[PDB]
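Q: One letter stands for each residue in the lines below.
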Amino acid sequence: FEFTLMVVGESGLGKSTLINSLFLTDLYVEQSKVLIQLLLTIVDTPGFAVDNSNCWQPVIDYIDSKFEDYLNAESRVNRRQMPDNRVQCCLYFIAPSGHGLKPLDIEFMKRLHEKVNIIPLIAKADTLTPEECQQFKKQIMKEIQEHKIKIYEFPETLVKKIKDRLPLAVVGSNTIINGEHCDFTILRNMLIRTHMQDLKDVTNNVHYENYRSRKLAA
Amino acid sequence: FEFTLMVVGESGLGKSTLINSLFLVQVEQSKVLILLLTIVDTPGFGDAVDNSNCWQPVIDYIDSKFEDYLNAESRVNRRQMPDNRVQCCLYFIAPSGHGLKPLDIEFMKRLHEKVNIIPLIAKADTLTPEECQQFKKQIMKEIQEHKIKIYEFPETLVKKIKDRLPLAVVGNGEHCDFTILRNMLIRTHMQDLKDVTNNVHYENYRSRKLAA
Ligand SMILES: Nc1nc2c(ncn2[C@@H]2O[C@H](COP(=O)(O)OP(=O)(O)O)[C@@H](O)[C@H]2O)c(=O)[nH]1
Ligand SMILES: Nc1nc2c(ncn2[C@@H]2O[C@H](COP(=O)(O)OP(=O)(O)O)[C@@H](O)[C@H]2O)c(=O)[nH]1
Numbered sequence: 030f031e032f033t034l035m036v037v038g039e040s041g042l043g044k045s046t047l048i049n050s051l052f053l054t055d056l057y074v075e076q077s078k079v080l081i087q088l089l090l091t092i093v094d095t096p097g098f101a102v103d104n105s106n107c108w109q110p111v112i113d114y115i116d117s118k119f120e121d122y123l124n125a126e127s128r129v130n131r132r133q134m135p136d137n138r139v140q141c142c143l144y145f146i147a148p149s150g151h152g153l154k155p156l157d158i159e160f161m162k163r164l165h166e167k168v169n170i171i172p173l174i175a176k177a178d179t180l181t182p183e184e185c186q187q188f189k190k191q192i193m194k195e196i197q198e199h200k201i202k203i204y205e206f207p208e209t217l218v219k220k221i222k223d224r225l226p227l228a229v230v231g232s233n234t235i236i257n258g259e260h261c262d263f264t265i266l267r268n269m270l271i272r273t274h275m276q277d278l279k280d281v282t283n284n285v286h287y288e289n290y291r292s293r294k295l296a297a
Numbered sequence: 030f031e032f033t034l035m036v037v038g039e040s041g042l043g044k045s046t047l048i049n050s051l052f053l072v073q074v075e076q077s078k079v080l081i088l089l090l091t092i093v094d095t096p097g098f099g100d101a102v103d104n105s106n107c108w109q110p111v112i113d114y115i116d117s118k119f120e121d122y123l124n125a126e127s128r129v130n131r132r133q134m135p136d137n138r139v140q141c142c143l144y145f146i147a148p149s150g151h152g153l154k155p156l157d158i159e160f161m162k163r164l165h166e167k168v169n170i171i172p173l174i175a176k177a178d179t180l181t182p183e184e185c186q187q188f189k190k191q192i193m194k195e196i197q198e199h200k201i202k203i204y205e206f207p208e209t217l218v219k220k221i222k223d224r225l226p227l228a229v230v231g257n258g259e260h261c262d263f264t265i266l267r268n269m270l271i272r273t274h275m276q277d278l279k280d281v282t283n284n285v286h287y288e289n290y291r292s293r294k295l296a297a
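First to last, the sequence lines map onto chains A and B. The first sequence runs 30 to 57, 74 to 81, 87 to 98, 101 to 209, 217 to 236, 257 to 297 under the deposited numbering. The second sequence runs 30 to 53, 72 to 81, 88 to 209, 217 to 231, 257 to 297 under the deposited numbering.
Hints were generated in silico from the structure; no laboratory data involved. Accuracy of the hints is not assured; some may be wrong.
Unchecked claim - Pairwise CB distance ranges (calculated):
(1) 190/A with 292/B: 27 to 37 Å
(2) 186/A with 128/B: 29 to 39 Å
(3) 207/A with 190/B: 42 to 52 Å
(4) 100/B with 190/A: 16 to 26 Å
(5) 124/B with 46/A: 52 to 62 Å
(6) 103/A with 112/B: 41 to 51 Å
(7) 235/A with 178/B: 48 to 58 Å
(8) 217/B with 109/A: 53 to 63 Å
(9) 197/B with 97/A: 40 to 50 Å
(10) 110/A with 88/B: 45 to 55 Å
Where a beta carbon is used, it is the ideal one built from N, C-alpha and C, also for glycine.
Required output: the full structure, derived from the provided sequences and hints.
A: Right, dumping it as structure tokens:
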């Protein structure tokens, strides 16, 4: 089994902790690989304060790096050996503070949303309150469906009402002890299985192809 | 009694709630009496990105107030002057970090001598006592490293709170630093703030402007 998981948030969002918080390890653009026959590439972005303005392109050009390299492989003389470097998922961390969606977020998402599968986790929810959380999410989704964005949507089914229970709110735990108050488990389930295979499916089918038709003007 | 209090943090930091919590780009001002307080809210910081520059907006507002005050003090008949100057800036550090976000370090070390910085540590219902501890110490290390001036409490009771700073907040003084502020909040204690503003910052401005 392989996986390539990209994490994206501004610093100090407790992501790099939460990763281990499912996967119980580490405290490691950048990539840290987990096996324990079963592989995960992990992708950390160092960047995302100061101006903050352009960069997103760094992410982009890395994605389309992986794509164009994969294509230029698929058309190669003897197609044989190709390993898959493409990025199935980007787990993305929204600032837990807000009344809304910070323009930085709205910009990155609507920028890269069709170049990868966005899983907008809501960060560090030990900040928030059930009502606060509620109004928050709804405010988000309103912000998106207003801004007309595509985040990868879970097809099959159990996952029926979690279309509604999204966006997703999180807590870092290696802490000595939980899906109750958090959305943690309700991810970890959807993490392990089988939903990755669906993710790779949507990446390779949807995003990649659109890239491939795209590049071809000549 | 009068006061002018400036609040500064990126949006969604729960400041504008905390203000009431004691009291029950652009720059701009609310005001109140309940004994006057002008309050000063900054719309911009946070959001943006690009925020490459801003902070000058704050500056030019400060030195607006100053230069207007001076140009008053030298006026034909000096008589009537009201004081618009800013005694205090309560400043909110991002509760998340392992450290001090470059945005902060830039604003502070930018305006630290143009006003009295009171760097509250934001929304501490985020944090943990150990987390909070290492956080503060990390901050102070960041400052004394970056050699910054935040207004320092004279007198005295406030003896060990020089140590108990930086200051951590909730929108109860037990777990929070809330009360340990509210006490130190203006009362007679503002009088020291106005003192340092008008004595220290203002004057330095006044000598400054005078090259000609
Ligand atoms: N409020 C909150 N804080 C957390 C959480 N997880 C970790 N932290 C704290 O936030 C700090 C930064 O977390 P980290 O994993 O380094 O996030 P990252 O720097 O964005 O990758 C850590 O020192 C943790 O103590 C969480 O779920 N909620
Ligand atoms: N966990 C936590 N949440 C807070 C706190 N203060 C405010 N909030 C929540 O976060 C949001 C920010 O509050 P607000 O005063 O509007 O922040 P501001 O815009 O920066 O002044 C509000 O909707 C509150 O529900 C706090 O001290 N702790």
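Q: I want to verify a distance hint. Is the separation of the beta carbons of residue 186/A and residue 128/B within 29 to 39 Å?
A: Given about 56 Å between the Cβ atoms, the range is violated.
Q: For residue 124/B and residue 46/A, compare the CB-CB distance with the range 52 to 62 Å and indicate the outcome.
A: holds (54 Å)
Q: Just to be sure I understand the hint, the distance between the Cβ atoms of residue 235/A and residue 178/B should be within 48 to 58 Å; is that true here?
A: For residue 178/B against residue 235/A, whose Cβ atoms are near 21 Å apart, the range 48 to 58 Å is violated.
Q: Return holds or violated for the Cβ distance of residue 100/B and residue 190/A against the range 16 to 26 Å.
A: Holds: the Cβ-Cβ distance is about 21 Å, inside 16 to 26 Å.
Q: Does the beta carbon distance between residue 103/A and residue 112/B stay inside 41 to 51 Å, or does it fall outside?
A: About 18 Å separates the Cβ atoms of residue 103/A and residue 112/B, which means 41 to 51 Å is violated.
Q: Regarding residue 197/B and residue 97/A, is the given constraint of 40 to 50 Å on their beta-carbon distance met?
A: Since residue 197/B and residue 97/A have Cβ atoms about 28 Å apart, the given range 40 to 50 Å is violated.
Q: Taking 42 to 52 Å as the stated bounds, is the beta-carbon spacing between residue 207/A and residue 190/B within them?
A: At roughly 49 Å between Cβ atoms, residue 190/B and residue 207/A fall inside 42 to 52 Å, so the hint holds.
Q: Measuring from beta carbon to beta carbon, are residue 217/B and residue 109/A in 53 to 63 Å?
A: holds (55 Å)
Q: Are residue 110/A and residue 88/B spaced within 45 to 55 Å by their CB atoms?
A: Given about 53 Å between the Cβ atoms, the range holds.
Q: At the C-beta level, are residue 190/A and residue 292/B separated by a distance inside 27 to 37 Å?
A: violated (55 Å)
Violated hints for the displayed structure, listed by number in ascending order: 1, 2, 6, 7 and 9.
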